[PDB]
Amino acid sequence: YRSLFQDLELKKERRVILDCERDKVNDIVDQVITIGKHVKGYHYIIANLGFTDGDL
Amino acid sequence: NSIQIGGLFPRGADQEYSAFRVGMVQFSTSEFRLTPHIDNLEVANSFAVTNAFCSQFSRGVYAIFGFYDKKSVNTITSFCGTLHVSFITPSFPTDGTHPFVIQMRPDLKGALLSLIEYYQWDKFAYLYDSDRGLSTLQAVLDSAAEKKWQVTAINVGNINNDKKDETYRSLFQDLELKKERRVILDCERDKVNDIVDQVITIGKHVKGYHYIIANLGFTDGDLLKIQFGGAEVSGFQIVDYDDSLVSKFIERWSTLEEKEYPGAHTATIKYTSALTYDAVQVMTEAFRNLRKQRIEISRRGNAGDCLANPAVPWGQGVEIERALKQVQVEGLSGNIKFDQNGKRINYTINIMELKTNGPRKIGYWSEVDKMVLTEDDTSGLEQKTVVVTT
Amino acid sequence: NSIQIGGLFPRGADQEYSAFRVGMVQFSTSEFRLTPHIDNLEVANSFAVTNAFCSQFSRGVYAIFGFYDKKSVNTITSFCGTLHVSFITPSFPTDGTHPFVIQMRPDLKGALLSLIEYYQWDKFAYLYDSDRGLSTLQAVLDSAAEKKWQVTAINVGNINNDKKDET
Numbered sequence: 021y022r023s024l025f026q027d028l029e030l031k032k033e034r035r036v037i038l039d040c041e042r043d044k045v046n047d048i049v050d051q052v053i054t055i056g057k058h059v060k061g062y063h064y065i066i067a068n069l070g071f072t073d074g075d076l
Numbered sequence: 006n007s008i009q010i011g012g013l014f015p016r017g018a019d020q021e022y023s024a025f026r027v028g029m030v031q032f033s034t035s036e037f038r039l040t041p042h043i044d045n046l047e048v049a050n051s052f053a054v055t056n057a058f059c060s061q062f063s064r065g066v067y068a069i070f071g072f073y074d075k076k077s078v079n080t081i082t083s084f085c086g087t088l089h090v091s092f093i094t095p096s097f098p099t100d101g102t103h104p105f106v107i108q109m110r111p112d113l114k115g116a117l118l119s120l121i122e123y124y125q126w127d128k129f130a131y132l133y134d135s136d137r138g139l140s141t142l143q144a145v146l147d148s149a150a151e152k153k154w155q156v157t158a159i160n161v162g163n164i165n166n167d168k169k170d171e172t173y174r175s176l177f178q179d180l181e182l183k184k185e186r187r188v189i190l191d192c193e194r195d196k197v198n199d200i201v202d203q204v205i206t207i208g209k210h211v212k213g214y215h216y217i218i219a220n221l222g223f224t225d226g227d228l229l230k231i232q233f234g235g236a237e238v239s240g241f242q243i244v245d246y247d248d249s250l251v252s253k254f255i256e257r258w259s260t261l262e263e264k265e266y267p268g269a270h271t272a273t274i275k276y277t278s279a280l281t282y283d284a285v286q287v288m289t290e291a292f293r294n295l296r297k298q299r300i301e302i303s304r305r306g307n308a309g310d311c312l313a314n315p316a317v318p319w320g321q322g323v324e325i326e327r328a329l330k331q332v333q334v335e336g337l338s339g340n341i342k343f344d345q346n347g348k349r350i351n352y353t354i355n356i357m358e359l360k361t362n363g364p365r366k367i368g369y370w371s372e373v374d375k376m377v378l379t380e381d382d383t384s385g386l387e388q389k390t391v392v393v394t395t
Numbered sequence: 059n060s061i062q063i064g065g066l067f068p069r070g071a072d073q074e075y076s077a078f079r080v081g082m083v084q085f086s087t088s089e090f091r092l093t094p095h096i097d098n099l100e101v102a103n104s105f106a107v108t109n110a111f112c113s114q115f116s117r118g119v120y121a122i123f124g125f126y127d128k129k130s131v132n133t134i135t136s137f138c139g140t141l142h143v144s145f146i147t148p149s150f151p152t153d154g155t156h157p158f159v160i161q162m163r164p165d166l167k168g169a170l171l172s173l174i175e176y177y178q179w180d181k182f183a184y185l186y187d188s189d190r191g192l193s194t195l196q197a198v199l200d201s202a203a204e205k206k207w208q209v210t211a212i213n214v215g216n217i218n219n220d221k222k223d224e225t
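Protein chains in written order, with this note's numbering: chain A, 21 to 76; chain B, 6 to 395; chain C, 59 to 225.
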C-alpha cells in the first residue's frame, strides 16, 4: 500500500475512487489513516451499497 | 542476615513489583537476606500513605521504598525529613532539596531545554499533566523569558475519561488559530497514547507538524501507529537496549512466565521498573558497603509510634544515608551517582528519534556536556552543488 | 453546653488569634460555648500537623480550625476526607471538591480575569510566589490561550532572602 499510494503521489492525485469489498474497504481506509491521507484536500468515493455499512 | 525494608507500591504497578522480585532474585546473597515488606496501598490517599508508613515503622524496617503522588510527596519529605528514614524513589525528582530522599529518576528538564535549543523553536504549544509536577513548565517559562518564546501551555489532565473526546478536538482547533506546527506533550504514558490516538483521528500527524514527548518512556509507548504520518517525532531514552547488560537483561526478561510475573514476558520494559531493579541493586550495594565498614545497625524493631512526641531519630539510620549517596554501580539506566542532596548526578540520557525504518538514537545529553550529537548522523542533499565554469 | 473544637494557628500569626478571641467574645452564648484546643506549630511541617491533628482527634473534637500550607493541603484534605471530620480554614481554596472542607476565601481568579478584561490587556508580566499555588497561573494561561495573550510569568518566590536584592 505504501508503495502504492506513493505512486499516486507522482501524479499528486487528490481524487480516488475505491471499488472494493467490505473488508478490503476497511483495510484500505486503515492504511489511508496510517499514511494520513485522510486530510482535507483529498476526496474519496466508495463504489458499493455498503457505504453506511462501512465503519467510516 | 535478615535486613527488613519497606515495599510500597501503587496498585496496577505490576511490572515494577515483578521487576522488584527480579531484583530480589538477581542480587540475593548468602551474606545477608533482604527482607521486603510489600504494601500495595493506593498512592492517591496521603492518609493511607501515612498508614503504611507508620506500619512499616512498626515493622522496624531499616529502609522504605515506593512511588509517590505529587499530592503525597510533601508527606514523604516531611516524615523522612523527620524520622531520618531513608527513602529511595523511581518517581519524579523533588522540587526542593531534602534529607533521606534518594531519587532514581534523572532530572529531565535540562535535556529538554537543550533539545529545544537544537531545533531552535521560537514558539510552540506545550501540553502538560499536573501529576508529575509543573516544575518543568516553570523551567520552560523561565527559558521563555530569556530565549523569548511565546509558549502556549495547557493542562489536559483535568479531563474525564468519560468525555475525553470533543475536548481534544476543541483543544487542537484552538491551536489552529495560532496555526501551531510545534507542540511539546508532557503527559503520563497512558494519556500520551490517548492523545496520540486523537492526533491520529484528527490527522494532525502529517509532515509539517512536529512533536516532543517529555519522558523517559519514549520507546515504551507505541509509535508505530504514527510512524508513517510524515510528522517528525523525537524523545528520550534512559535505557539503551543496545547495552550488553541490557540485552542480557532482555534474554531472561522475555523468558519469565506471564503468570508468575505479569507484564514481564515482553521484548522490552518500562524504564521505571528498570529504575526499580537498579534501585534494589543500589540498596544492596549499600548494605554490602556497611558490613565491610563493620558498622552495627541492629536497631530495635520495636520503634513504637511514629507519631511519638518528641520524635527521636535513631542515629544509625542517619548514618545509612551517608553510604547511600556515596554508592556507585552500573544499572539498566547505566552509571548512577548522587549529590550530597541525594539527587542523581553524572548521568546522561539518549536523544531518541523516530524514523520510517524505526526509532533511533542520535545523541546523548550529559548534564555537564549538555547536548552531544552522535557521528551517526549522515548527510543532506548533495547535488554536488552543480559546478559552473566561466 | 461546652463544645470542643480544634485550633491550629501558625506561629507568628498573633493578630489572627487575637481576632479569634474577639470572635469568642462576640458570639458567646449560654446555650453553648466553644472549647478551643489552641496550638502554634509550623504550617509547613506536615508531620507536626498530623501530630496535633491526631492529638485533637484523641480529644474527639467535633470540629477543627486552622490554616494550611500548599504543602499541607493534601494532608488535611486526606484526613477530613478519610475521617469524615469537619474543618474550617481561611487558607487559599482547594482546586478540587473536597468533602468536610470549609473555606473562608472566595475564589479570586474570575474577578481577576474580569479585571484583566476591563483593561483589555494583551501582554503582561506575572510574578508569583509558589506558596498560594499555581492555580491562578493555570487560569491566566488558560485565558491567555483563548483570549490570545502574551504571558510572562516568573517564580519570584524561590529566591533566598540573604542576597535578596541582586535578583
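Don't take each hint at face value.
What the hints assert, rightly or not - Taking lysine-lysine pairs in the DSS-like style, the calculated list, with each CA pair at most 30 Å apart, reads:
1. A:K60 - B:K360
2. B:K183 - B:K76
3. B:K169 - A:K60
4. B:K196 - C:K222
5. B:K114 - B:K264
6. B:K212 - C:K128
7. C:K129 - B:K184
8. B:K183 - A:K60
9. C:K221 - B:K196
10. B:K168 - B:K184
Since the hints were derived computationally from the structure, they do not count as laboratory data.
30 Å limit on alpha-carbon distance, applied to hinted pair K183 (chain B) and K60 (chain A): Satisfied, since the Cα-Cα distance of roughly 19 Å is no more than 30 Å.
Given hint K196 (chain B) paired with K221 (chain C) - CA-CA distance at most 30 Å: violated (42 Å)
Hint consistency between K60 (chain A) and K360 (chain B) [alpha-carbon to alpha-carbon, up to 30 Å]: holds (25 Å)
30 Å Cα cutoff - pair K169 (chain B), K60 (chain A): Holds, at about 24 Å.
Given pair status - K184 (chain B), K129 (chain C), alpha carbons within 30 Å: violated (38 Å)
Hint consistency between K196 (chain B) and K222 (chain C) [alpha-carbon to alpha-carbon, up to 30 Å]: violated (41 Å)
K183 (chain B) paired with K76 (chain B) [C-alpha distance capped at 30 Å]: Since the Cα atoms of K183 (chain B) and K76 (chain B) sit roughly 34 Å apart, the hinted pair is violated (cutoff 30 Å).
Holds or violated: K168 (chain B) to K184 (chain B), with C-alpha atoms at most 30 Å apart: holds (25 Å)
Holds or violated: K212 (chain B) to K128 (chain C), with C-alpha atoms at most 30 Å apart: violated (43 Å)
Restraint check for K114 (chain B) with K264 (chain B), where alpha carbons must lie at most 30 Å apart: Not OK: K114 (chain B) and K264 (chain B) at ~38 Å, beyond 30 Å, violated.
Checked against the numbered hints above, the structure breaks hints 2, 4, 5, 6, 7 and 9 and satisfies the rest.
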